[PDB]
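What follows is a single chain, given as structure tokens, in the form deposited in one PDB entry.
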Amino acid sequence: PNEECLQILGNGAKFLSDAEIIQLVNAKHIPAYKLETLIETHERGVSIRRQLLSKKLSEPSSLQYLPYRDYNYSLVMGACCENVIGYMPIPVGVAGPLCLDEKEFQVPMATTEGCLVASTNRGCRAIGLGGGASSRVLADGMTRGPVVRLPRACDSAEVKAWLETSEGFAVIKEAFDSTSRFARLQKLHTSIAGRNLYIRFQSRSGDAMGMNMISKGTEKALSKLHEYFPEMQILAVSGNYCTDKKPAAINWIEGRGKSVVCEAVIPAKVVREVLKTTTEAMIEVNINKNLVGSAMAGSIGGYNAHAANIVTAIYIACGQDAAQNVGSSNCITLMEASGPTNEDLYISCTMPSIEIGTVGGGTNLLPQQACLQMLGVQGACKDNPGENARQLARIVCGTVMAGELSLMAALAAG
């Protein structure tokens, strides 16, 4: 019945049944947003929402093979996802060992693309027999790129010139750096479009990817700049100048997050025996595919075979924002002849905008932390903040370089 169920809620929600909580929502006694709190167990809230969603689907038995039980919804509710109806298993494979900077790495890769892990693994094997890869973090700084307007272009020119002064920058740094412990503002980058002004705030973020933090610092820095210029309107805390989750030449040219380089020398014997091609044939494909080919297609930053495959697989496995694959896959793969008789293959990848972290986001979840622990970069680095995030970026660049090696070889062979 209806009105007797109503009273039991006032006196806990554990004493009702599934059907009786949705006898009170299909008939509208209680409204359909308060379910969140009333129920005490997290997994029962998900069950109820699956049953409510069930009623609206033409095929309600769809949900049966979408799993949901035995998952830790405590770290997900109010942090990583809303309207949660379960989870989506992504098969994880391992490619390694990856000999990178004198260590070995077993790299997890969440994908449903056949042969991708097997290909990457072969690439790691070739790198290993050639003495391993070396890599460097060239730069580190997440950004946010708001757009403010002033009454005139002459005004925004004066605000820009004031920001490029020592005194102006320092007042904006103080406001930015007071919001957070890792908020340390580097040189600004501005651009005028008439009376519009786009300001690129850049800062290291510890081991976090850093968008929450960079945003808070940006908001306070715009508030201080508003005191200094009261006529200034703050249009959008992001004006696409960052640039987050969209292709942009500013990320390719200035960097965003970690800028990283990676290299390796593959002996001629190893190129023939493992990779089934030659050094000549590899350089010929790299030149005419990754350079000339991408050039004919009108690419900015896409001078690689399939960096996006590897970045995405690692990102999903390691609790990253997979959407940031758009910019994070920016890569240029270079190949040339090397060694005494010019038969060995030098290879390098440069990825100037890897947006990555080992704290926050999906790295708070325990399964994702398992993959980060495989690599030895899980959570913050207590003695050198940001080194875990930098190490993971190095790993992605090296694994990307392994995947470039392997796929390019298979293409050169036929």
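Numbering follows the first chain given and starts at 1. Basically, rigid core = biggest C-alpha set you can superpose within 1.5 Å across the two forms. Only residues modelled in both forms are compared. First, how it differs from the form deposited in another entry.
- Among the candidates 56, 34, 382, 69, the CA atom that moves 2 angstroms or more between these two forms after core superposition belongs to 34 alone.
- Segments of at least three consecutive residues in which every Cα is displaced by 2 Å or more between these two forms, once the core is aligned, are found at 12 to 15, 23 to 36.
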Contents of the next structure:
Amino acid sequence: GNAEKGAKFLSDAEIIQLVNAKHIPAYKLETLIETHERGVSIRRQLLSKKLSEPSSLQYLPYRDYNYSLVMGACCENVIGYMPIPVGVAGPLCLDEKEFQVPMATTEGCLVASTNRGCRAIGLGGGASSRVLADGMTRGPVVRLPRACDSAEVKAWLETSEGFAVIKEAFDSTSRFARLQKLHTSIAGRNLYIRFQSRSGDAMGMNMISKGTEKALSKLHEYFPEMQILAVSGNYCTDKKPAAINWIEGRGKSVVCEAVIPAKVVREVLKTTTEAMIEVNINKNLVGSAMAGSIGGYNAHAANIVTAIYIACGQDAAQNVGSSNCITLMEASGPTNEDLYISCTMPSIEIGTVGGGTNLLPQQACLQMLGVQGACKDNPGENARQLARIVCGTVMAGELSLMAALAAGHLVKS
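Please give the other form, namely the form deposited in another entry, since only the form deposited in one PDB entry has been shown so far.
If you are looking for partners or other molecules, they are not here, because only the chain is given.
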């Protein structure tokens, strides 16, 4: 019926009461209650009346979903989950292997197009890829009394011993923290330090923050007058467009290529190698340059990154820098009727452990590509492998869309 005061289980009815009582704040329901799902039920209830159209929540799934794995490190105020259609494209004949690429999307033709692109590649002898570099970064802003002081610190960080003490501090942070280079940049009395380190099969944004922080402390011991303004002074750079990610790289840098047989271009892609190339240059090069792009000399690399990212538990917001990509197309073969295509992506921020990678459905798409979890034997291998697949699939998508654009097929589909 109704009651009052904390006790045993109680009822949705008035457990709500104690929330108004302001002793059980909304987001703490899982703290108190016994079953995660009840918690979400009660919140959807609270939130329900907070709503203008309370009948909304009705078609928002939530029932039976392992929440023990989200509550804790993947989301707060869980009021359910969002279903994203997951299509599959492939096989992707990449580096003498075939992958069935999962793509969580809501945009029609994206999967169809990526597939059509994978096809051209398969009938083309397949594609080759190489991870050019690997390292997640973090660039805090630090301050000194005078620019002359910043200057001194910069020089110090650049001496071999100085770098060694910073590296030691940094690496003592984790099992995988192994500080590579150190890129410093001065702005008056400000000093931006770009820390770069590998991180096994983790995307490493977290590991690196812990590492730079410990390093900044040891750095402070030497320059007590230094102010650590913010672990992140946008010099990483994370989730924001930045020429530095494009030029210096961030995460995994990777190249991709394939040669599509003139026949395959006419048959599968429905155009000409000559037409493709004529479009790639004036679109992905001259066009992008005209729009003042930094890092976006590609057709829709983003569409492919986001889809794979959502499907495989990556940070869909890193879609920003991860999509950097220049796609190039040349005439090739004995008659120059064959299409040579490459795709270079300098900043693929990706990981195979932690984050959304810990959820089971996302993990399903990872296993589907045989990348899931940490690579015990060779640490970082899964992350790297996935990076290559992302780059490979992007080339596939680039191939198909570019073709469609050349052929005048975009409006039809």
